[PDB]
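The complex is shown incomplete by one protein chain, all other protein chains being positioned as in the whole.
Think of it as A, B and C in the order they're written, each chain with its own count starting at 1.
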Amino acid sequence: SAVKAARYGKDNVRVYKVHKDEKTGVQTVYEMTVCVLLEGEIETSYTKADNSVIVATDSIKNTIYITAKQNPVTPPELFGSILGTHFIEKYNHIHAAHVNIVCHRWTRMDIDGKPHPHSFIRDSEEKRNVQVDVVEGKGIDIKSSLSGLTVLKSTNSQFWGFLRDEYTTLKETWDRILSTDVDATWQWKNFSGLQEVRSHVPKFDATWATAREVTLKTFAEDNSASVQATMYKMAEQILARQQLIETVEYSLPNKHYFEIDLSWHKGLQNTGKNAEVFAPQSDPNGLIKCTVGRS
Amino acid sequence: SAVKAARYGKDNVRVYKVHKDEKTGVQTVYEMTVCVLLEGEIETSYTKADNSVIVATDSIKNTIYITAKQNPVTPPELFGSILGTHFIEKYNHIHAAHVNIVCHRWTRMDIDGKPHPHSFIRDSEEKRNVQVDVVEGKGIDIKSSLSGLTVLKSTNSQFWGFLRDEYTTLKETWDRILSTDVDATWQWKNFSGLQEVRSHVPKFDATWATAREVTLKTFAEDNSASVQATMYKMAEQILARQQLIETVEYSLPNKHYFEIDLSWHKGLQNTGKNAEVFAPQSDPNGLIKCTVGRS
Amino acid sequence: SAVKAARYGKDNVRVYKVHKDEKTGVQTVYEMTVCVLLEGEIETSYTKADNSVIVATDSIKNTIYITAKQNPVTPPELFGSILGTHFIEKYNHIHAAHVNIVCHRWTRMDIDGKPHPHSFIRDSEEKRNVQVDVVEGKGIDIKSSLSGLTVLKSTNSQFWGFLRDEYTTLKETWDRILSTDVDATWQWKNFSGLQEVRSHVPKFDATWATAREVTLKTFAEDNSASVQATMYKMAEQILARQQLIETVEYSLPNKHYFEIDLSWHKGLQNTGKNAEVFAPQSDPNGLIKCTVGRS
Partner (left out) sequence: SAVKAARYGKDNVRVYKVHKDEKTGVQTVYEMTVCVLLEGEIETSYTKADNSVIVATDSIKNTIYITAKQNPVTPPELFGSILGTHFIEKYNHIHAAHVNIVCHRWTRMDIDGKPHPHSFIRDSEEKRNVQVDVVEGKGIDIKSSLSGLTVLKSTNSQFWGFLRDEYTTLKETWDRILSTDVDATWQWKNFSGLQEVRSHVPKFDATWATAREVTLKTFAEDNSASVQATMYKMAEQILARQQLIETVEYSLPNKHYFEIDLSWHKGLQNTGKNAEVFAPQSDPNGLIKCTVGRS
């Protein structure tokens, strides 16, 4: 037998950092969960019990805190690139670092219509994430994403003209509820190293904001022919607005809301044009994915 | 042996309702999870296999949908009271109904600074809840609550002067992070029946909004001596602003963020006044509760 | 305003303890999650910012570890009583301690048909729990429970003869699937203090085992007329077998498995006597509760 692939490291490292503006008194907080996995010339730790090649996962944890102390933690694309580069430069036998970061929302509170200097609220479980793969001699690959954005529209969604055969019971519809949890990922062109990532720093926050905006606007405004058709429109616009993105991927559950026929009870009308009360279905759900790139 | 207490019904009934304004085209959605448990002269179903006394839980489910079809579902205090009253009036042998409702947020989207007529976002997992107990001959008891409101302040929290003995290792502090998930419940004076609940309908939404506002403002502005002291201030203000509330209960986890000593690494300073990077602790957590009533 | 009720302490304190038999080499592990909440003359911490009355929750955490170091942690009824008694005896102004313990399963592994001295498996998420309330001058009240026991029987469950009215669509049945998650609690007669709890130590493990056995046997063997009727039979037997129990409470979800009509597809027969494939329903669910005491 032989080791075909191996990676190891520390997962679920929670980190909080505060920045204090001495002049204005304003404080800004960041909270993240970080995972770092390393690859390299570490096969002998598996095959020969040779621990000499192992950077202990506890040391990886220490490194994450130290790096957060000495560097900005925002945008996460930059922080992940600094962290990943550290491991490949510090350790001769480590040749790839894989860094995943989940950013948690802490939104500044407005009290009496003014921004509070040091109080924050978690407005939604929506996350901003990055995956950074730093590979010695091959640069830095970054995938940025948003996840956990849950939306619903109560009309202006249709689904008709699909294939009908002996397995089909679904009725065509010209007016339905559409609800989904959005997972969207944009993959950046490969960067040669940290200098190049630094040169593009302003684009990261801007592109995240654009991706969010395009997602929300398109969902709200499209008279949707299907999840497939609406999601393609989203991806198209993101690629148009940021030339440094190579591909956009969306993965969308279709969370069903079923009509409830109440006609058995005193002829109560609650279907089609008369539908007011629906039963949200926890499962099963549609799952629709697409990866869109450039011509 | 004897049956000392019994209740039964249907839990986790998910309901969505849409209202369509024909004039303006504007649609408004409500989504809830409902539990209804009944009590009454039902002992023989347990002791003698006498199912004749059982209103099937499937029928309870049907009733929830039918009631939502025929009545407003907001404020939840009113809907729960209608639903509970139904069971005690319809069934001679049923003498109490216990209705729990969890309201899920669907917030209207703003697209280009204008409210969208039919698109919604789940902004946070914060819930608005009610517990309604309708007891034949004893009226309607309503407890309203908000839960899942997660906040953090990065300074202006202290904790010193606590009891110190041979079990104590905690250092006194004059500057710490305070973060919690807020669970707040206000209990209404007993209502004589549905007519009285209807007469107070405008107070329900107003009091929920007030409770939320007081919670957020007090948390942000109090130079907190302890969780205990800050939560008492909140409860005091709510009771002052709504005479029809008898008691306010808060239950607050104290979610710890620990300093990380980095001095072992190149004398790096990251404690006390130099603390910038902290380790959020998933567990254990403080849990602090108080029920405040009128003198 | 006045403080009507208050309690505070530490939740989610995870504890592991190992016992090593020097003679035999055999090791036995225990893992628990503990919550301790205190009550007493602590109102001024809420109303006057007087921290002098507060035993810090961090100290409560220390106390739990110290108590586990110096005492047996099994049965949990004894450990909880020791822990609760500690607080009311040590602190003059603390008059009640509320201790909740969840015991996690670590079952010794059998390797080649022999018990391994030091390796364990988590066989199921079933828990054994206790709630111990130690109140100065009123003794020790203990509720023991098992939870998270999930069972299913594929036949020998019926449900017919229930009330039918204009809200009813449910068909009567003489053969259905019954599946539930069992939550069973037995409440001990009040104990005068720790000496009395110690005198009954062997009964705790025995009664837990009996409750589990009675639950499983009755469920498997009863030709069930309803969840209500079957659960009553369980509670009856437990009360018969342990005179020191005052009441038994069961809380049982009825997790539905629906027939799927496939006759639309090539006349496929999959209902009634021909039912083979079913759709488990995640929600809604029946919820059936009973508390049984002595005549």
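The rule we apply is simple: a contact is a pair of C-beta atoms (placed from the backbone, for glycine too) under 8 Å apart; a residue touches a chain by one contact, two chains touch by 3 or more.
Peer 1: Counting contacts across the entire complex, name the shown chains the missing chain touches.
Peer 2: A, B, C
Peer 1: Which listed residue, A:47, A:107 or A:271, touches the chain dropped from view?
Peer 2: Spelled out, the listed residue whose C-beta touches the missing chain is A:47.
Peer 1: Pick out which of C:206, C:209, C:244 or C:260 touches the chain that's been left out of the picture.
Peer 2: C:260
Peer 1: With the missing chain put back, one of C:2, C:151, C:206 or C:240 would touch it. Which one?
Peer 2: The single option touching the absent chain is C:151.
Peer 1: Any idea which of A:70, A:107 or A:168 touches the chain not displayed?
Peer 2: Final answer for the missing-chain contact: A:168.
Peer 1: Just name the one of A:206, A:209 or A:225 that touches the chain not displayed here.
Peer 2: Counting the whole complex, the residue in contact with the absent chain is A:225.
Peer 1: If the hidden chain were put back, which residues of subunit C would touch it?
Peer 2: These residues touch the chain not displayed: 14-19, 27, 29, 31, 62, 65-66, 68-70, 106, 109, 111-112, 116, 118-125, 149-156, 177, 216-217, 219-221, 257, 260, 262, 265, 268, 270, 275-280, 282.
Peer 1: Since one chain has been left out of the picture, which residues of subunit B touch it in the full complex?
Peer 2: Residues 166-167, 169, 264-266, 282-283 of subunit B touch the chain that is not shown.
Peer 1: Tell me where the left-out chain touches subunit A, residue by residue.
Peer 2: On the subunit A side, contact with the omitted chain comes from 1-14, 35, 37, 42, 45-47, 49-59, 61-63, 66, 91, 159-163, 165, 167-170, 225-226, 228-229, 231-232, 235-236, 239-240, 247, 253-254, 283-295.
The definition used in the following text is that only the chains that are shown with their structure count from here on.
Peer 1: Based only on mean CA positions, could you tell me how far subunit A sits from subunit B in angstrom?
Peer 2: Chain centroid spacing, subunit A to subunit B, equals 30 Å.
Peer 1: If you average the Cα atoms of subunit A and of subunit C to get two centres, how far apart are those centres in Å?
Peer 2: 38
Peer 1: If I count partner chains per residue in subunit B, which residues reach a count of at least 2?
Peer 2: As it turns out, subunit B has residues touching two or more other chains at 14, 62, 66.
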